[PDB]
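Trainee: Please take these sequences and the hints and turn them into a complete structure.
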Amino acid sequence: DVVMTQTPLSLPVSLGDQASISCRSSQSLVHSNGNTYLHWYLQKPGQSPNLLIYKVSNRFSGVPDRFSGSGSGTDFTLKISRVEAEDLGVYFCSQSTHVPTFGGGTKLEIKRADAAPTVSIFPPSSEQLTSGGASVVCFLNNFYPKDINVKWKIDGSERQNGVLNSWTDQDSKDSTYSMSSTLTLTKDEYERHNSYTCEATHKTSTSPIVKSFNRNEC
Amino acid sequence: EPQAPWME
Amino acid sequence: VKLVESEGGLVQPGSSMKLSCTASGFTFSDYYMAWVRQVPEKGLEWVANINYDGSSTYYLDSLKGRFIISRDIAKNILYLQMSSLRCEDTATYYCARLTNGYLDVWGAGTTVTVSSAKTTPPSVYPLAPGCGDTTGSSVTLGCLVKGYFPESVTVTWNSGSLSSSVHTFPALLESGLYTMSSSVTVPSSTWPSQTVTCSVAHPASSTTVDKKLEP
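Protein chains in written order, with the deposited numbering: chain L, 1 to 218; chain P, 46 to 53; chain H, 2 to 216.
Since the hints were derived computationally from the structure, they do not count as laboratory data.
Each hint should be verified, as a subset may be incorrect.
As the list claims (entries may be wrong) - Restricting the straight-line Cα-Cα distance to at most 25 Å, the calculated cross-link-like pairs of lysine-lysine (DSS-like) are:
(1) L:107 with L:55
(2) L:79 with H:19
(3) L:153 with L:211
(4) H:19 with L:187
(5) L:44 with L:55
(6) L:203 with L:107
(7) H:43 with L:44
(8) L:44 with L:107
(9) H:65 with H:3
(10) L:44 with H:3
(11) L:173 with L:203
(12) L:153 with L:107
(13) L:111 with L:203
(14) H:76 with H:43
(15) L:107 with H:43
(16) H:76 with H:119
(17) L:173 with L:146
(18) H:3 with H:76
(19) H:213 with L:55
(20) L:187 with L:146
(21) L:111 with L:146
(22) L:146 with H:212
(23) L:187 with H:76
(24) L:146 with L:203
Said to hold, decoys possible - Partner residues are not named here, just some residues of chain L that face chain P (Cβ under 10 Å, in silico):
(25) 35
(26) 37
(27) 162
(28) 164
(29) 165
(30) 168
Idealized CB from N, CA, C, for every residue including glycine.
Mentor: Take a look at the structure:
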């Protein structure tokens with residue numbers, strides 16, 4: 001069972017700079033027929049993997065000369081020169097010299113200047129309330145870096161249970177991320193309190209961004 | 046040209 | 002150029018299901034074909050492959066012959082028969098063309114979910130500003146998609162004609178049901194004067210919900 005180990009797990013790079021990704025195999029990938037069946041694939045957000053480099057160093061049709069694969073035996077490297085935003089995603093190496101196996105992937109992240117989130121809060125809809133549920137939603141849009149914390153308060157008290165936080169992958173359009181934070185209560189608990197607040201801590205600001213509403217004003 | 050080399 | 006997998010979807014543990022994949026643009030019998038699967042958390046796994054005429058196959062050993070790869074040369078179709086399914090077989094399955102050891106064409110992927118739980122359609126709720134908030138030059142609207150099973154759903158805005166400023170947030174499983182959301186931003190002078198509707202398709206329940214956003 002040949003293990004493919006990729007380093008690093010995540011790689012941040014500035015536009016126009018070079019990215020280097022390592023892939024090691026636990027056994028030589030030189031087949032008895034002399035070929036080395038080591039290949040590289042790129043999976044962009046929301047897409048299937050596509051072939052980038054086959055047999056160590058051969059660029060697949062359509063791949064720019066910016067992408068270069070090298071190595072031998074058990075040690076291989078993918079180099080991406082002059083990185084462009086659309087290069088982002090997960091790069092996987094794969095071997096098929098032996099029973100075929102894949103590396104765990106390396107996520108290429110594009111560096112941009114820090115950008116503050118645009119925060120929007122929404123009360124539960126009357127449709128949802130009609131069915132006895134009550135979700136409160138905060139969208140945090142177009143921010144960088146990805147690290148961000150959302151804290152919900154109900155009448156001033158932190159509520160940690162019942163929160164679903166979901167990040168997008170990086171957008172190649174602007175190198176930003178977005179995330180949604182959803183606090184799901186029962187209607188019973190929702191109607192017993194008035195103040196609903198989401199607070200975003202991000203480092204683009206010293207003080208957290210607060211968006212809030214009062215249930216009786218909805 | 047075996048297509049699946051590990052099968053050798 | 003192009004491999005398209007059949008709809009996957011929900012299957013009960015211990016039961017069977019068959020995926021198909023339709024090939025186009027090449028002489029099908031001039032290429033090996035393969036199936037690969039991907040589970041989040043994480044990793045791609047080679048499942049099976051087949052030679053030109055189907056006289057020789059390879060399977061991931063741990064499948065214990067529960068899976069069968071075959072190809073209808075007369076119809077340009079690749080099959081994966083899957084028997085006695087367990088939750089460990091839940092994954093996105095990709096059809097792929099295999100050349101000289103590498104996968105040079107991949108399908109879009111189809112998700113298979115092995116569960117005893119019932120198919121449940123999504124509830125789709127509007128996210129609109131309210132609560133006596135003021136409004137600036139733009140307005141962010143959204144849809145909250147709750148209570149569905151299995152994955153996946155697809156959300157579009159105005160039948161796809163609104164696309165530029167859309168964010169789609171990945172689904173999260175909670176209490177055995179999925180929740181996701183989508184946001185869109187439009188100039189505030191244009192809403193509600195020019196309507197905004199989110200369309201949520203959930204193939205597993207054969208349901209589409211087209212929810213109009215109201216102030």
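Trainee: All hints, please: hold or fail.
Mentor: Evaluated hints:
Using a Cα cut-off of 25 Å, the hinted pair residue 107 of chain L and residue 55 of chain L holds, with the two alpha carbons roughly 22 Å apart. For the proposed pair residue 79 of chain L and residue 19 of chain H, the alpha carbon gap of about 40 Å is over 25 Å, so the pair is violated. Only pairs whose Cα atoms come within 25 Å are accepted, and residue 153 of chain L paired with residue 211 of chain L is accepted, the gap being roughly 10 Å. Simply put, residue 19 of chain H and residue 187 of chain L have alpha-carbon atoms about 42 Å apart, too far for the 25 Å limit, and the pair is violated.
Distance check on the hinted pair: residue 44 of chain L and residue 55 of chain L sit about 21 Å apart at the alpha-carbon level, within 25 Å; holds. Pair hint residue 203 of chain L plus residue 107 of chain L holds up; C-alpha atoms about 23 Å apart against a cutoff of 25 Å. At roughly 16 Å between alpha-carbon atoms, residue 43 of chain H and residue 44 of chain L fall within 25 Å of each other, so this suggested pair holds. Between residue 44 of chain L and residue 107 of chain L, the direct Cα distance comes to roughly 10 Å. Compliance with the 25 Å bound is thereby established for this hinted pair.
The hinted pair formed by residue 65 of chain H and residue 3 of chain H fails the criterion: a straight-line CA distance of about 30 Å is larger than 25 Å. For the hint linking residue 44 of chain L to residue 3 of chain H, the alpha-carbon distance of about 17 Å falls within 25 Å, and the restraint holds. About 22 Å separates the Cα atoms of residue 173 of chain L and residue 203 of chain L, which keeps this hinted pair within 25 Å; it holds. As the CA atoms of residue 153 of chain L and residue 107 of chain L are separated by approximately 34 Å, the hinted pair breaks the 25 Å bound.
A threshold of 25 Å between alpha carbons decides the hint, and for residue 111 of chain L with residue 203 of chain L the separation of about 16 Å falls inside it, so the pair holds. Distance restraint check for residue 76 of chain H and residue 43 of chain H: the Cα-Cα separation of roughly 34 Å exceeds the 25 Å cut-off, and the hinted pair is therefore not satisfied. Straight-line distance between C-alpha atoms of residue 107 of chain L and residue 43 of chain H comes to about 13 Å, which keeps the hinted pair within the 25 Å bound. Only pairs whose Cα atoms come within 25 Å are accepted, and residue 76 of chain H paired with residue 119 of chain H is rejected, the gap being roughly 34 Å.
Using a Cα cut-off of 25 Å, the hinted pair residue 173 of chain L and residue 146 of chain L holds, with the two alpha carbons roughly 15 Å apart. For the given pair, residue 3 of chain H sits about 15 Å from residue 76 of chain H by alpha-carbon distance, which is consistent with the 25 Å threshold. Simply put, residue 213 of chain H and residue 55 of chain L have alpha-carbon atoms about 52 Å apart, too far for the 25 Å limit, and the pair is violated. Distance hint between residue 187 of chain L and residue 146 of chain L is unfulfilled; the C-alpha atoms sit about 32 Å from each other, more than 25 Å.
Between residue 111 of chain L and residue 146 of chain L the alpha-carbon distance is near 11 Å, which keeps this suggested pair within the 25 Å criterion. A C-alpha spacing of about 31 Å is found between residue 146 of chain L and residue 212 of chain H, which places the hinted pair above 25 Å, so the restraint is violated. For the hint pairing residue 187 of chain L with residue 76 of chain H, the CA-to-CA distance comes to about 54 Å; that exceeds 25 Å, so the pair is violated. At most 25 Å may separate the alpha-carbon atoms for a hinted pair to count; residue 146 of chain L and residue 203 of chain L meet this at roughly 11 Å.
For residue 35 of chain L, the shortest C-beta to C-beta distance to chain P is roughly 7 Å, which falls under 10 Å, so the interface hint holds. With its C-beta approaching chain P no nearer than about 6 Å, residue 37 of chain L sits inside the 10 Å limit, and its interface hint holds. For residue 162 of chain L, the suggested interface contact is broken, since its CB lies about 49 Å from the closest CB of chain P, more than 10 Å. Interface restraint check: residue 164 of chain L against chain P, minimum CB-CB distance 42 Å, threshold 10 Å, status violated.
The closest approach between the C-beta of residue 165 of chain L and any C-beta of chain P is roughly 42 Å, which is over the 10 Å cut-off, so the hint fails. Against a cut-off of 10 Å between C-beta atoms, the interface hint on residue 168 of chain L is violated, since the closest Cβ of chain P lies about 37 Å away.
The structure fails to meet hints 2, 4, 9, 12, 14, 16, 19, 20, 22, 23, 27, 28, 29, 30 from the earlier list, while all remaining hints are met.
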